[PDB]
Each structure stands twice: as C-alpha cells, then as structure tokens.
Amino acid sequence: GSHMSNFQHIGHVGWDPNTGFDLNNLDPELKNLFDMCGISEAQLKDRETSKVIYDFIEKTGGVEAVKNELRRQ
Amino acid sequence: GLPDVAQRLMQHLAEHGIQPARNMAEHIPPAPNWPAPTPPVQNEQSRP
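Residue numbers (PDB author numbering), protein chains in the order written: chain A, 203 to 275; chain B, 0 to 47.
Here are the computed distance ranges between Cβ atoms for each label pair:
| hint | chain 1 | residue 1 | chain 2 | residue 2 | range |
| --- | --- | --- | --- | --- | --- |
| 1 | B | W33 | A | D237 | 16 to 22 Å |
| 2 | B | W33 | A | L225 | 30 to 36 Å |
| 3 | A | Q210 | B | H26 | 38 to 44 Å |
The hints are simulated quantities; they were obtained by calculation from the structure and are not laboratory data. Every residue gets a Cβ at the ideal spot worked out from N, C-alpha and C, and that includes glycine.
Please build the complete structure, drawing on both the sequences and the hints.
Laid out in structure tokens, this is it:
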C-alpha cells in the first residue's frame, strides 16, 4: 500500500530527501520546536532522520500549521 | 512555557524510534510561564 497524490497541505521549506533540511531555508518558528526537543543541525542533515522530522510538518498541514500550533494558548 | 507541540513532535519521532541530540538531559523550555493578565478573586463572603 501507499499514500494518495493529493499534496494539498504540504510544508514549504528547503527540505530534500537527498540531503535533508537546508539551513539557509529553515524557518525560525519551526526551529522553536526542533530546539525544544533537543535536535541538532546534524540530525536535520541526515536523510532518514530529517525524513521522520519533516513528516510531522506536512502531517499537521505544512509550516504555517506548526507556526500556528505553538502559537496557541 | 507551552511544551505540548514539542511533546507532539517527540511523540511523532517515537513512531519511528528517533532520539534527540540532547538525549533528554536538558531542562526548562524557553519563556516565563506567566498566566493571562488582570485576574479576579472572590467577594467578601466571610461573616461580620
């Protein structure tokens, strides 16, 4: 089995499956969460590790979703 | 304050078994935990 090709709520960031997150395009509000967890830039440059991390962003509805979720009270 | 969204990120990495680089040896997330401003208290209900 596999996921459906909707791609309607994806997170805009410099992530690629070949090298992971681009530090030059990493959002500073999305970084709030990464740092609260204790994640290093080395984990963000691992393909397999950053593939797990990025899944959480597109899952809530991309970067604008996490940027709002931590803004709740 | 407000750690529930970072807790949600940790709960998501736990579905794949991933660990943070700090390995849970850190303490106290950023910003003061101050409640919403201008709070009330109860009336003079005690007897004279």
